[PDB]
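Visitor: With chain A's structure known, arrange chain B with the ligands on it following the hints.
There are 2 protein chains.
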Amino acid sequence: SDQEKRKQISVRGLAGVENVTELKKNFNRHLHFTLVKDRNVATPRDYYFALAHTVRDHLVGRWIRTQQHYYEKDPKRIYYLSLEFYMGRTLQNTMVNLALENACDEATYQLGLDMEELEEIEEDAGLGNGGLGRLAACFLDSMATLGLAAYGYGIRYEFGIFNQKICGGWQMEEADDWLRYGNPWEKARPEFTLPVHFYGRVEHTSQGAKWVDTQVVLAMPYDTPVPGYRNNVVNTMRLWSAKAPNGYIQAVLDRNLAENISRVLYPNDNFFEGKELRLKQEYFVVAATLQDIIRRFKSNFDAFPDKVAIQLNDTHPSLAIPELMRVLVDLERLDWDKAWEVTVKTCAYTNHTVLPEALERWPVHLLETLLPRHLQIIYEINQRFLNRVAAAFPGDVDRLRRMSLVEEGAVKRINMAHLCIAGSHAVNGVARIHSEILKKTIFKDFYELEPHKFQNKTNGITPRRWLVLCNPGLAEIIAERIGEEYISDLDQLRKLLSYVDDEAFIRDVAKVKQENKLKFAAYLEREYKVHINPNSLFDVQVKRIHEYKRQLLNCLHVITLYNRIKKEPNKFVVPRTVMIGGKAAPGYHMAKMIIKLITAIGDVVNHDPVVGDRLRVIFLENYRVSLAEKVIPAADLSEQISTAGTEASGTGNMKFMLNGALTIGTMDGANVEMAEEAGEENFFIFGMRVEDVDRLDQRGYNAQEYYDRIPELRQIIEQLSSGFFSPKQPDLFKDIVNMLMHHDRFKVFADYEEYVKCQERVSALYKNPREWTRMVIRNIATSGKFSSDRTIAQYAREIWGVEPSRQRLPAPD
Amino acid sequence: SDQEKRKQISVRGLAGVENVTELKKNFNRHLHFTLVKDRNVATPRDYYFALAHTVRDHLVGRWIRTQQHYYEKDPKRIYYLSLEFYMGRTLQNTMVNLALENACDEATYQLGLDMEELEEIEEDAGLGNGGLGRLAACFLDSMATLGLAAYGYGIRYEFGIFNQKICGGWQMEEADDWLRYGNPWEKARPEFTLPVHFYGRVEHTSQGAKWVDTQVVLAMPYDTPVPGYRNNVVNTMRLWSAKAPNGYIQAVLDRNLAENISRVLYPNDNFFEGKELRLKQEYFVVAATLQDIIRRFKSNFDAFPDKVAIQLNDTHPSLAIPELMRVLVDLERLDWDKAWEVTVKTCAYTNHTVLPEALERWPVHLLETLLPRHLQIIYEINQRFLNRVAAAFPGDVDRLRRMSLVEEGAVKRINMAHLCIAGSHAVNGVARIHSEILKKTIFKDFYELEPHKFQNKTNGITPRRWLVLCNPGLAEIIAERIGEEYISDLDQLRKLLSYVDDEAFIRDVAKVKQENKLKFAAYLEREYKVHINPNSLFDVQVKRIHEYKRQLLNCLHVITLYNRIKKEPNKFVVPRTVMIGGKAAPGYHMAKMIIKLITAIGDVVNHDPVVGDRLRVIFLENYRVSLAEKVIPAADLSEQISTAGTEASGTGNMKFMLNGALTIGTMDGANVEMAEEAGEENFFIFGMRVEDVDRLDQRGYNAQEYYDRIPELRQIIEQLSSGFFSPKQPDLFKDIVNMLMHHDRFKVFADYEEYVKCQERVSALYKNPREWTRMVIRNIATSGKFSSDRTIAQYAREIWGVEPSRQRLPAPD
Ligand SMILES: *Cc1c(COP(=O)(O)O)cnc(C)c1O
Ligand SMILES: *Cc1c(COP(=O)(O)O)cnc(C)c1O
Ligand SMILES: OC[C@H]1O[C@H](O)[C@H](O)[C@@H](O)[C@@H]1O
Ligand SMILES: OC[C@H]1O[C@H](O)[C@H](O)[C@@H](O)[C@@H]1O
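Just so you know, the sequences run in chain order A and B.
FYI, in the UniProt record's numbering the residues of the first sequence are 6 to 251, 262 to 314, 326 to 839.
FYI, in the UniProt record's numbering the residues of the second sequence are 6 to 251, 262 to 314, 326 to 839.
So here's chain A without its partners, still in its complex pose:
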């Protein structure tokens, strides 16, 4: 008896076989017992929640079984540490990966509800800035689909990336209260809360170093399930929330100081701000995470790297290296060398940018008072690492200065990237050209010392959210010719090359794109009361606003199109709707000026009667993952025009390719590989190559030369300076003009002519619908390489030492 009785406590049978009668029963149960509502007062939001809780049950049954499986099998575990996870919406993705969509649609329909209406109630979970955070999300999806025992570890920010409002043509920021109505997917785990220490000092007793007199902040984990595609594997994303440890009133009010650590996501994309609060955030996630990892490993350390892999997403969680050493040496009392060998074999670092202003260099004064023991450990790591450099390159003192983890100057700093290379067994770039640039520029010295460490892992996007979910029309016409295997084996899209001359397929691809454009236009009119002509080429550039991404170059082209129509009003031109969207970091003055310029150009272009519906410029407000899922499937032309050598990889580019848009871009990041897969003849590559940018830097970039030699460019700069785009405040864009003319690090003028000419060729091909569509088919069919399943498979085999698998686990019952 006794404990044997508890055997009845099983997940044995759950909310159903996955069909209509039971879905309806559970939906009714949740509407009343979970939400405490009834049909008389229920709102569409209430019904959305009832459907979400219903679907969550099926997810939870699999989640429990997956974790029970991992405990029994005891596979090597992969921990993906990131300060960002841009997850987006969850309801549809869950229904799709669990094959519940059809039944839920019928169940809601029979109850007198419309599921598509419900689905649109859900808003993004935006705990990320853009590319890096969304890559982490795509990776989570892929690791689950590939059966890896992976855990995503980050911070549960109370407020994710701000909501962007456009007022008077300018960006205004609004806090993203994403949890107001709650989050039905996450599960609070207060019982697993852990302490994280700050400040204090180090004392050296007889048996080692001791970090004492610290202030404590508790880390409370919240777990979110992440489902693999139809394999019944559900992995976990664990995010930490800061809590205060446990006169009088003020002491209780002051608990907010500790809880501020997880209050808001720093809104910087590709830019380092050395704020102490940000440093606390980084150590917070690292300390709680590693405790969790070691605890889980325990329920000696020679086998740790055989059971644990820690992947560092950028240098954000780099403190994991000195923290793991601290724990092993100070707490587990292992000798230094043994601990270091363990640390290096466990950690791997992924770099995401080559721009100096984006890399982390923390002032040592900040590190000595907030984390004294870590700074001590960092200096010791440096000394031993430099000893190795000196032995490998005797007498090369300059190299010692260059490779040091410590940067000298008035403000002493720790170069976190060097710390990561020294403490990781693998370091990777995110696109072939980027990983190569790494090996011969910023990390050349390190590659020369340890060549074996340097790898490449070209980025990817998940075909579930970025094709099956966001573009059902495209997914179905594709499935009708090659089946559904491609969904978890994207290289099968290659089979579509056999239909490049098939009249029905050409017909279908174009009909789908058009249906998408029609629907997107309906979306814009509905929620923003913005009209766009669907029988125009949808020219889209959506990504964070940056000088390096060159939205300004796009701007020059749009003004070029406008001026050309005014010059010859009665000459035909392929009608276009140029859409530019993206958020600017709150303190990035130029990026905000750029947003104002885009809206100001629209104010002129969209209201000039001679232009009419031949050209329209729209700034897409609040670009985020849910908007990307909408606009990308409706795009004809994808703008990927960063200065060659600046965009490490890009991923938006891959989304557009997979969804039927042709690409105009530079030979930068992954564009290079996309062009290689599709064939340059099916791409619109233009401008300076990395070699060309470098030669210009060698001789000196003089924008005045281009200005003096290109009349059409001069006309535009004169209009800007003139106040033609800001009549009421003539000098409004003076900062943009001066930067372009005298301080342009990204050489906009140098690529202007080739850009305008390439755009002419784009228009030329669009004039011929049949050939445009045929080229589109050639892009879609060769986008297979950019599935994040491919990327993750490589990380697993070449870095983590684990074998990917499409073995499915049995359904719960």
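Simulated from the structure, these hints should not be mistaken for laboratory data.
As the list makes no split between identical chains, a pair holds if one copy fits it or if it spans any two.
Derived SDA-like pairs (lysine to any residue); straight-line CA-CA distance at most 20 angstroms:
#1 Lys10 with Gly117
#2 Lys192 with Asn45
#3 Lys313 with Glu77
#4 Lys170 with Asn251
#5 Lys170 with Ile264
#6 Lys656 with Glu128
Guide: Using the frame of chain A, we list chain B with the ligands on its own:
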């Protein structure tokens, strides 16, 4: 079709008929799908939660049906506004009121679990200080049991009353993180969030006054169900939580300033601290609550008082009077007189104390900057009210000064009590002697102007939590002679007088008390490693520490008992375990010194070998509702010794009476009525009566007179002064001695002799178990009047204008 399909969405059938097989099924469901756990990792806490969620389902089904019933019947609604609701534990109370206890016990037993272990996992919801907050909780229970459409309205504090730790014999405060693990009973209602305004200014436009330029704080409601006893009626307690309205980082961090309004309960019991944060809390609950009330009434105002009753628990929510006037006049644009007539007919005020330092008088400077429009309205109310006084008492200018809502001085203040009397149709005291003291002392002037307003509503406690729940042994031996009708008709206990000479009943009452003492001793040893001799008289004084409650008088008696044993070591004395417990407000120096004195006396008494087990003094740490439910059923003697005229009513006194303890106390508060019900011959009344205290005040209280005339008292004061109870710090209690000797507002010395003598008589009767028990039966049998069902029935018929009912609603299915 269409909307007709939604008819399937019904509470129709729920988690079961209320029996074992289905309880087990749902418990299993919640353990896995709600908690995301399994039997391998589940902890007792996890299982407690699974049982709580299981029981919650049954509660929710009734909650939905009750609210649907109220909408259809449209009864007059009662709103009980309080800044405190001391709810305590919910699981058992819920099982008892829904008659689910037996089945849940069997269901858990069959699953290999022990329900009593699970139940003890739950901790109190302590959003109250003591008597006033617990009265509100007892009232909620009774209103639901009496079928009234009642709603309790308050604030959802993040931290309730602090947890008291005793360190080195002193009280230390620890924040009560009551929500750490969550609260399964409440339901967040973000969709019903409302705005509350602060600061700003008033401008007088052409059509009225306008409150502009305010700062907004949002009020988000959380609803908790409160079940009536077996009538399937489930009412609501709605508590508001503060949220901020919707460079950049600091602006987001600063949202905490607004959310601080609902962060912590001010820990003052019977004492006014005019802190601005407290004023914000009061207006916060009032503004959100009244909006809610008017909204609910709308889905003209002449009928408002026929549909609405607003009861003000103390002056805490007094701003409801000027706020309702503001809304009616400024927003609904009604004329002043009509609005005032509506306001007075809607509001009623309950006073809870006569001590001057406990009453609210807000500085007008504070009110003019935080709530300018309310201060304007308050001055207008005052002017019109004083005009009425002047007409009723021509030429009595002193009366005008005395009754004014405005108190003059260096610091101008608004007397909130006067505001309440002026704006309410009923004003009540909480015990006969208190309501009479009100009529002839602090509110004499108002009673003379409007005698019809003044009422009495003697307090009560609910027999569900305070008998059936906390003392199952007593409840069953009672049920075996008179059935269970008494549970919701306590006057039936009167039937037990027929068993005062019944040998089996006498036997049973004493066996139950003894079982209770044995179990309480087991509890103390288990969790505090404190031994107490169960074959000793349990002398208990549990309530907040206060000079007016005279724990110090108790202290004098204990030292008297100790000195007497030392004087005649070999003389027999009835063995006693004197227990004193209760929290002191954090800033109340004397109360904290008193706690230290209690522990210091114990340090001497409990370790003196001559005394041994004949006398033991214990300070019960962290007295709270859950401890009261434990210690009260084990008490033999109830200490209710406040100076006559200071304790408005008391309720702990009623708890002890209902649970089998005899009472030693003054003729104060409800003690008077308890003595009247049981007969003074069955009580231990002693000391000065109100008349005696007053005569002493007239001539001047000189404590030295008593000191000079009572040798045993002098001995004690000498020991205190001496350092006999603090050898290492001889003058530690100098402040207590000086206050007693020279500044004792509560005349401890004046009641010492009669107190000691009365205690001798208590011991005399305890020596005779049969007669002690017979007197106990006479107390229990006459405690019926103190059921809060009686109290609420009176509020309903004499103030609210609604008829109580024991009609049961059908079970959900
Ligand atoms: C894919 C994605 C990105 C990354 O876009 P890039 O053009 O590679 O910088 C940024 N934001 C969102 C919302 C995304 O979906
Ligand atoms: C009943 C109760 C009170 C009120 O006690 P009095 O002696 O009337 O002041 C205070 N605290 C708790 C925890 C209670 O249960
Ligand atoms: O690696 C994921 C992404 O990280 C950063 O956002 C880089 O700017 C981008 O090029 C890269 O694609
Ligand atoms: O009215 C409920 C209670 O309120 C206050 O705590 C009074 O001190 C007390 O005497 C009264 O019983």
